[PDB]
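Below are the chains, spelled out letter by letter.
Protein chains: 2
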Amino acid sequence: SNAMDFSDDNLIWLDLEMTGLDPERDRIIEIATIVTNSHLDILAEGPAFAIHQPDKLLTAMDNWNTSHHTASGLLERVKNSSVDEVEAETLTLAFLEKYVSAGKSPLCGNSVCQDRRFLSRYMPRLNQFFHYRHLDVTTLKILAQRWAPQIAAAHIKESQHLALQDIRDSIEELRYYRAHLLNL
Amino acid sequence: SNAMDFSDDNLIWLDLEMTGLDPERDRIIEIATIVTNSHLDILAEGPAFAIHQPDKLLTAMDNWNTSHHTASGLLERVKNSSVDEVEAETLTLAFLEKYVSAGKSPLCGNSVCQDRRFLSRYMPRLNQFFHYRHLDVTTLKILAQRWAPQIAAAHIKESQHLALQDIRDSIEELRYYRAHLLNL
Ligand SMILES: [Mg+2]
Ligand SMILES: [Mg+2]
Ligand SMILES: [Mn+2]
Ligand SMILES: [Mn+2]
Ligand SMILES: [Mn+2]
Ligand SMILES: [Mn+2]
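Going down the list, the protein sequences come from chains B and A.
Take the first sequence: its position 141, counting from 1, is numbered 138 in PDB author numbering, and each next residue is one higher.
Take the second sequence: its position 6, counting from 1, is numbered 3 in PDB author numbering, and each next residue is one higher.
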């Protein structure tokens, strides 16, 4: 035995920032991951990468995205990034291999289908690294809004639209529902 | 006032069967929808359509899919179908617009990201008709397996791989978790 954090029971949390909502025509501009155990304890935070994209593309973003990504400082980190999809993927992969094996953990986060659709198109290896299933906190959010609005309203999230920050919020949100929405 | 079931609080449940897992390469061969209220009471079941596809496509399915879709009788229903994506979408659309307005309800069901990706590519209008978000029972399934295995194991689901029967399972599974996993 040893005290290393590896285990196939471990959960992988991942968030992305994109130039838009269309996985076929938009790109990934940021990636972050966090590994927790099944009890939601953070074991290690993964690398956070601004992913370089050609400026001609970044200037074809709508107002909402140019506003948010400039504001958060992400657009600047992107212009000065020497990391493309493959390198981010590889490094992320090397990190995740330490805590859990391939296809073991579901994709964990908030509204992660969109992420799954970008991963599938731009990061096939990392995408395949996840189990087919998803652990989406947003589902708990919906149920809290419909069935226990006072519970949902007690955990207001203010997203900074930065991957590492958002992943941290996703975990905290799940921890919250476990205590206040779940029968355990 | 009136006793018609329409409401923007109503939920739309939808299941699909495909020829495979690749949305850019595979096709929808079945669709079904069910509308419930927020309390999960079933208001009305929607049209269940076997969707016609050419034999050259169906015969290119792997063993697993040819086995399941033949056995479930879906394959014969597909060959004999006079309905394509557009007609199924239109009729489904005409049905849904009587219980909820556009973009109000999340996509509801089990592991619906796969469905969202086929809907997006093959049924643009119906896809736009849902709210961006998802209500996935699979998420509850995961948490129960990790945090309360005895609860998860008390509702074993045997899927027939027929859209309408799967939708009815997804609802009853949510009803099951609401009672035995939720703090209500
Ligand atoms: Mg975000
Ligand atoms: Mg199925
Ligand atoms: Mn996100
Ligand atoms: Mn984010
Ligand atoms: Mn299904
Ligand atoms: Mn199904």
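Hints are supplied without guarantee of correctness; some may be wrong.
Copies of the same chain look alike in the list, so a pair counts if it fits in one copy or across any two.
Mimicking SDA-like on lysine to any residue, the simulated pairs with C-alpha atoms at most 25 Å apart in a straight line are [unchecked claim]:
#1 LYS95 to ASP23
#2 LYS53 to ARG130
#3 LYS154 to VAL83
#4 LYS76 to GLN147
#5 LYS101 to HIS152
#6 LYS53 to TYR129
#7 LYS95 to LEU55
#8 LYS101 to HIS49
#9 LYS101 to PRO146
#10 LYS154 to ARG175
Because the hints were derived from the structure by calculation, they are not lab data.
A quick look at each hint next to the structure:
| no. | hint | result |
| --- | --- | --- |
| 1 | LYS95 to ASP23 | neither (30 Å within a copy, 34 Å between copies) |
| 2 | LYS53 to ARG130 | neither (35 Å within a copy, 30 Å between copies) |
| 3 | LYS154 to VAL83 | neither (31 Å within a copy, 39 Å between copies) |
| 4 | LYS76 to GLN147 | neither (43 Å within a copy, 51 Å between copies) |
| 5 | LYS101 to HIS152 | between (30 Å within a copy, 23 Å between copies) |
| 6 | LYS53 to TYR129 | neither (34 Å within a copy, 28 Å between copies) |
| 7 | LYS95 to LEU55 | neither (34 Å within a copy, 41 Å between copies) |
| 8 | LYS101 to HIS49 | neither (30 Å within a copy, 36 Å between copies) |
| 9 | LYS101 to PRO146 | between (34 Å within a copy, 17 Å between copies) |
| 10 | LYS154 to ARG175 | both (16 Å within a copy, 24 Å between copies) |
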